[PDB]
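Enquirer: Each chain, letter by letter, is given below.
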Amino acid sequence: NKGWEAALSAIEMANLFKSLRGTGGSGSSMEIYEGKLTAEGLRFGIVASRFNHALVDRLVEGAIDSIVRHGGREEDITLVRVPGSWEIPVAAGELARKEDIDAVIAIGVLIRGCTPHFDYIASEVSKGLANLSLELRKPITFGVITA
Amino acid sequence: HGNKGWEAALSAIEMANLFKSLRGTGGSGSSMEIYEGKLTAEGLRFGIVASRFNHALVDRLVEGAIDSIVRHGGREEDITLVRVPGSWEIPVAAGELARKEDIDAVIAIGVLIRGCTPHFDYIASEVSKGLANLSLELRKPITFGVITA
Amino acid sequence: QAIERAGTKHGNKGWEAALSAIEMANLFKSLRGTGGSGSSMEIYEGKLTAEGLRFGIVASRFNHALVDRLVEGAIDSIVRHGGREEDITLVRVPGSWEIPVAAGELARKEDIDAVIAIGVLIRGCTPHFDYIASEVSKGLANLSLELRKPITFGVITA
Amino acid sequence: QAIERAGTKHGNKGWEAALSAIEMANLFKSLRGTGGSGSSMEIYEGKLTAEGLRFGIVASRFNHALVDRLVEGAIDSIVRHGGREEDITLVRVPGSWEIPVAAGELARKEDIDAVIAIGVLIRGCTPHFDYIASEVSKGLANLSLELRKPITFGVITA
Amino acid sequence: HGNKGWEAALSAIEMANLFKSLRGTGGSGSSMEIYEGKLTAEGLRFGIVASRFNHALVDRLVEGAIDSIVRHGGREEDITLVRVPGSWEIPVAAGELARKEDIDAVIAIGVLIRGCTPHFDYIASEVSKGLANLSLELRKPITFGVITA
Amino acid sequence: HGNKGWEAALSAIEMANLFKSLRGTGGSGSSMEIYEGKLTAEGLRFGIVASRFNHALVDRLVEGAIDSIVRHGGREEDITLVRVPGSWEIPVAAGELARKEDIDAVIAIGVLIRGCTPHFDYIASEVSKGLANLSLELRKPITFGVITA
Amino acid sequence: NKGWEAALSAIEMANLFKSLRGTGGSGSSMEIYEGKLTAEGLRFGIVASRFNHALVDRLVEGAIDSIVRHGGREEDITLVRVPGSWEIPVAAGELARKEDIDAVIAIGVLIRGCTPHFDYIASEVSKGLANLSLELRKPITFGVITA
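Chains as they are written, first to last, in the deposited numbering: chain LB, 16 to 162; chain MB, 14 to 162; chain IB, 5 to 162; chain A, 5 to 162; chain B, 14 to 162; chain E, 14 to 162; chain D, 16 to 162.
You may find that some hints are simply not true.
[To be verified] Listed next, the in silico SDA-like pairs over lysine to any residue satisfying Cα-Cα at most 20 angstroms (straight line):
{"id": "1", "chain 1": "LB", "residue 1": "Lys153", "chain 2": "MB", "residue 2": "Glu109"}
{"id": "2", "chain 1": "LB", "residue 1": "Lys142", "chain 2": "LB", "residue 2": "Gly99"}
{"id": "3", "chain 1": "LB", "residue 1": "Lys51", "chain 2": "LB", "residue 2": "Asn30"}
{"id": "4", "chain 1": "E", "residue 1": "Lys33", "chain 2": "A", "residue 2": "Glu76"}
{"id": "5", "chain 1": "E", "residue 1": "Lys51", "chain 2": "A", "residue 2": "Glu109"}
{"id": "6", "chain 1": "B", "residue 1": "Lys17", "chain 2": "B", "residue 2": "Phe133"}
{"id": "7", "chain 1": "MB", "residue 1": "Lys113", "chain 2": "LB", "residue 2": "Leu149"}
{"id": "8", "chain 1": "A", "residue 1": "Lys17", "chain 2": "B", "residue 2": "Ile47"}
{"id": "9", "chain 1": "B", "residue 1": "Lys153", "chain 2": "B", "residue 2": "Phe32"}
{"id": "10", "chain 1": "E", "residue 1": "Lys113", "chain 2": "D", "residue 2": "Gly77"}
{"id": "11", "chain 1": "IB", "residue 1": "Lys13", "chain 2": "IB", "residue 2": "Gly128"}
{"id": "12", "chain 1": "LB", "residue 1": "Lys17", "chain 2": "MB", "residue 2": "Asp134"}
These are computed hints drawn from the structure, not numbers from a lab.
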């Protein structure tokens, strides 16, 4: 279930960035920065599409379960629904600019298989999410699948 | 001694020296100027970003990178190592290290899932593109030690 | 050594790349100048006189045999068209991946009128999409538009 | 490091090569011994007990990932069949071309009962005749016949 | 009667007799000398070297070899059978048998992988080469009963 | 710094050291012995054999070989250079150098005429075979710096 | 004309080996051994086949002309004819064991083209000549062609 995996990646970036922005080490050894798998005290945001209802519900199911099971507090989740995959990047941008969220998770299902004639919509969705993460300096996990 | 981790470190060391020369005082003229970087790692600060897929392989590349830096005069106390889950999200971590003024170069190490070979994958395209844009924007070398399974 | 010098280098991609840089450098210098009075359609084209211009060259070291013939091709194009060898800056980089970042540093100097990028690319013996080759073209194109200074593309496939 | 140790290496070409060396070493030791009394057809076969035998291994360094799993496969085959780790001599060489000459030096020692050669070969993506691969096979075969000591062939193609 | 093991045994018997006659002093003259070997195995010692790989087929080949020797007057007491792991080490074992002064001929039996090679095979070429060189150096007949799958 | 001339010199230097270790006194035991050669060229004597076809290319490889030896501690006075017309006749010249007791290794450099590609050429086969036999017979490293056009 | 080229290679090995066996240098610089293109005072031997009479005569023509033109003395050439290419190695062996010859030249024409099904006779001729040169430590030039 990609939903469980995508949530796990987000948890362990919210911890990593929290460590990096903190005070540095004492020197005298090679600094190593790391992210644990404890979600206590963290705020998340989820953006999910509405296409292939059967599949997406299972994915959003895993994401919420993963956050709570790893110690998260269910009141710290904001869920946003959008008509289709083309509208995920713009919604994620709005949710990522709030100062109360630490990571964002994108859930969706693409239409054509793994052997198309190339897909423009799929490229734009992945391309847009990547630029937002770099521009806003905030992790954004990528949890879409292919039909 | 011949792994991609070793090679990536050399390119990072050399480019770091070359940039230090370019923005220094120019030559006296009267002849064609030639700029090239040395392989003296003394006084340089490095950061490394490594993924986690294939824990066996990635550990090997990271060890090679550290070995290369120290053998060429690098001080082991000047290496910052950041570890990340997958290849999709090296660029965001690399960006954080590059924006520090105490880092002279960044090395990215990872392994990609070889999917359907003839066709176009989106994770590989985004990881390479993101690193390239960061280097041009921040004006700082970023080496691409990535490989394929 | 004399055997190396005896070979001809007119016409290789180093020659064409340098020639394009000379024309573009003169063309821009004309555009920034005062506009014509009018009374007719006004045409612009760059002359091929290279005296007084400053050039920069970025070349990778991979495949040390092919590259050298390309770099020497570029230099002779500038010299044979009137340029002086004292107005050329040469920068060498480990590989094709880091050409764009080095080319950016040269292009930001106010003493450079154009930049020439030379290199070679490894061709896998089956036609897949190369993630390194695309980044070089993408990076160089962006730099020229942003800095508003011509940059010429002089790479080849093995 | 523990991740490396957890992997299984039973059955790789390092395993088979070592196993053949053990059998041949015992077989020769039987042939040199006194012949049977007679009265029936007399059969020889080598046992798989490795206690008391000395072994030598020659391995190239090209493709450092593949080779290590092969060398460790050979060592565990000797140990798991009764051999001691103090009776193994390991020699490392730059490349596959100089395996035969190094293997010759080890084979001439009187304290060695068998030699194992391990390496990998580069496969060009079109099937031509390889002048390096043939020389390794030719050299190793000649050494065994001339020195009258078994040598086992444990190379693979990439 | 129809397997290569049977044929290999007959060749070994005939060559062993032929060598026995050649060492004899030449004739008086008055005609053209003709030398040939007979097919009686009485009083001759043989050795067999067989590989274990693809054992389903070789047992039938070794079967024929022993059957032929006995059928043609050979005493089963005089056969020495040696087994080796694979075909790569047939030559080295054959050399040890051929150097015994109590052996008149040696028979080598084995099976090689499919012969649809691009241009060449590097293991098959060594078995035949080694046996041929060994026979000439030691001046003793060695028969090739190897077949291709 | 990355030409076949450079690589061939390294292999010659390393193998020369390794042989010096093997025939010296053995270890104390109680642990597995590992033998490997260093990259210290001090005190070693080298000979080089170079063909003449493509004078431009061969000169480059020969310069690289000399540069590699000296940079790793080699004394320029300990290099003997022999030049020959074509590839067919490197082995006979290499044999003469190898038989001197003052030479520790030999390096062979040349370029072959790429004929009809898929098929078998006899000049290339003989040059490689001859070098291999010489090393085994004389028990001395001989490196193969040869390339193809 | 391969005949001219084959003779030239032999001339400049008889000189090289003459230099190598001579006294060494004075040190203080990198020893370089070299062979000139002067054939004065040298003895040669030629072994030629008798198949494709038209072609071989032209090749033996060039070899003798090359030796004399580069200063050789025509009385110092020994010519041996053999029925076919298969008999070249054995004849060359006899001529190379004499102590009065400095180099040997082999001239011949092979039968099948450059794209056969592999040729056993061609391989043996080249293989045999190479072994003789190494075993006897004396240059032997290879001047055959393919029909």
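Enquirer: Do the alpha carbons of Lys113 of chain E and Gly77 of chain D lie within 20 angstroms of each other, as the hint requires?
Expert: With Cα atoms ~36 angstroms apart, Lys113 of chain E and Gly77 of chain D exceed 20 angstroms; violated.
Enquirer: Keeping to a limit of 20 angstroms between CA atoms, is the pair of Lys17 of chain B and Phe133 of chain B held or broken?
Expert: This hinted pair is violated, its Cα atoms lying about 23 angstroms apart.
Enquirer: Given the hint that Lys17 of chain LB pairs with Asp134 of chain MB, test it: the Cα-Cα distance must not exceed 20 angstroms.
Expert: holds (17 angstroms)
Enquirer: Verify the proposed pairing of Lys17 of chain A with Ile47 of chain B, using a straight-line Cα cut of 20 angstroms.
Expert: With Cα atoms ~52 angstroms apart, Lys17 of chain A and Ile47 of chain B exceed 20 angstroms; violated.
Enquirer: CA of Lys153 of chain B to CA of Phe32 of chain B, is that 20 angstroms or under?
Expert: With Cα atoms ~8 angstroms apart, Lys153 of chain B and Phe32 of chain B stay inside 20 angstroms; holds.
Enquirer: Take the C-alpha atoms of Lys13 of chain IB and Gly128 of chain IB, compute the straight-line distance between them, and say whether it is at most 20 angstroms.
Expert: Judged against 20 angstroms, a Cα distance of about 27 angstroms means the pair is violated.
Enquirer: Are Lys142 of chain LB and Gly99 of chain LB close enough, with their CA atoms no more than 20 angstroms apart?
Expert: holds (16 angstroms)
Enquirer: Taken at face value, is the distance from the CA of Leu149 of chain LB to the CA of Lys113 of chain MB at most 20 angstroms?
Expert: Holds: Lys113 of chain MB and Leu149 of chain LB sit about 15 angstroms apart, inside 20 angstroms.
Enquirer: Regarding the pair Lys51 of chain E and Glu109 of chain A, is the alpha-carbon distance no greater than 20 angstroms?
Expert: Answer holds: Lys51 of chain E to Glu109 of chain A is near 18 angstroms, not above 20 angstroms.
Enquirer: Given the hint that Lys51 of chain LB pairs with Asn30 of chain LB, does the C-alpha gap stay at or below 20 angstroms?
Expert: holds (6 angstroms)
Enquirer: With a cut-off of 20 angstroms on the C-alpha distance, tell me whether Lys33 of chain E and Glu76 of chain A pass.
Expert: It is violated: about 26 angstroms lies between the C-alpha atoms, which goes past 20 angstroms.
Enquirer: What's the verdict on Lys153 of chain LB and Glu109 of chain MB, does the C-alpha distance respect the 20 angstroms limit or exceed it?
Expert: holds (10 angstroms)
The structure does not agree with the numbered hints 4, 6, 8, 10, 11 stated previously, though it agrees with the rest.
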